[PDB]
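Chain residues, written in single-letter form:
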Amino acid sequence: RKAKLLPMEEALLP
Amino acid sequence: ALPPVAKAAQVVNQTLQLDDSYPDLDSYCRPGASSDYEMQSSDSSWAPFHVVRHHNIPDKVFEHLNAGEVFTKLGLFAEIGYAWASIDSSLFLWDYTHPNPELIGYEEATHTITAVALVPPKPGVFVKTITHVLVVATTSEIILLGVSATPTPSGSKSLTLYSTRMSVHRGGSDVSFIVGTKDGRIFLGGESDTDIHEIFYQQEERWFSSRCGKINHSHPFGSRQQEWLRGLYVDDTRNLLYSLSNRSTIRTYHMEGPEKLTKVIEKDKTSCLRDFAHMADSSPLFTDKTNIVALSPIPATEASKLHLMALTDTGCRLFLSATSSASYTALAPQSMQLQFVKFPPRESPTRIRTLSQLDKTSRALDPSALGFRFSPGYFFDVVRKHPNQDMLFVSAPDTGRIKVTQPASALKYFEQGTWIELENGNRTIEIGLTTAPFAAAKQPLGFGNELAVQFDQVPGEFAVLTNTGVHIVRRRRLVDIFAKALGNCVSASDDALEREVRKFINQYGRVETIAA
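Chains as they are written, first to last, in the entry's author numbering: chain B1, 342 to 355; chain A1, 74 to 292, 306 to 415, 421 to 446, 453 to 613.
Do not rely on the hints blindly, as some may be mistaken.
[What the hints assert, rightly or not] To give a feel for the contact side, a few chain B1 residues facing chain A1, derived at Cβ under 7 Å:
1. 343
2. 344
3. 346
4. 347
5. 349
6. 352
7. 353
8. 354
It is worth saying that the hints were derived from the structure and are not from the lab. Cβ coordinates follow ideal geometry from the N, Cα and C atoms, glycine included.
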């Protein structure tokens, strides 16, 4: 299963 | 005049100072050489290390690996209990502590993966829940992925990946080595040349600057002969970066700023050999034919002078100091010198139990293919005498003997050693620490006192990655040895215990033995 890559928006602040 | 608890507190304060006076590395690795070992059978209760369990590679990874068209590679993320496997342009991570792991697949990459690493993030860039950055280097580009390795009820980190839009074209230089600093700086090197690159990245997008950049810190030009890297090594406590070349040249770089990297020392094998010749004991185990196969930084918390260990293919551990020209303007060193050599042990591994000068001629560690050192001196050497089976030599400082030795001028690098056999077909790839870095104190004096921390931090454990699985090796404490030895005396005489106890007293002293 290809790993779900959550978005940049959550990753980097602010 | 002085009440009980205040009297006892006086004993505690003086005992704390006694433990914190444990000799520093520089003090028992003084200029000169040593071959001091007490070897233990791996099945003995006195073994300094032993294998506690093993984790096979998942079958699905074997399916992908044997489905490899051109290139495959394995590696370890021992800090979080994960391993990884790359197959051409595809990458697969998995928790090796889990009995039936699921494979975290990442196949966005377009070209062959040549290196993978897990580094700390740059502060003030990512959400706090991002614990690491995953660097994926291909033949075309380097890719950064956010990582969140949050612990689970079972005791194994849960790993989720985040995209970043952060990437840069590789260029003409291969990337086979990636290392990260405490502050999230990412350095790159490979098998094309000796140049060192750094990847920068920032949160904000600008019209004059991208979110992710790459620069060559070596600034090469003109005539250049063939030479490339065998490894990169970081020491945050000194803001240093070391590279090892295929010609056994050791280069030292200093991070004089958050974005600067300056080469400050370059020491080729000839220089090491010249230092070695000026020592009292020269040896045929170290010549112009000898190769240096690995480096291991020694942090400033452990030793002031000795900066670096270098392992030869003959099994010699070369301990090098480094010194600055001045005392004030971090201060960058400008000189490096081979000061002390620990020569190999003589005892070879045997199925059946076999029965004072400097030994500078042993071939027991010849050839040494891979080598690792962990504070306070745990040494792993992959000896490849035969092309099918690796033999693992593992040794530790004889902390008990070092602590009792008197006077200070009699201090030597005493060691306890053992041979751990891996089965036929096991080729060792990498060895990494799974527990927190060892430290009994905050400065060299007292730093290496294993005895003092027996009950404050778990024994060190090390993940040995092979082509068939991950083996867990655990350091054994005095109390572990003492308990095991006594367990063998349960069925014996009153004099059987006294005999075993006298072994401990002769090595550790009476107080340490009775305390155990």
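List in ascending order the numbers of the hints, as given earlier, that are violated by the structure.
Per hint list: zero violations.
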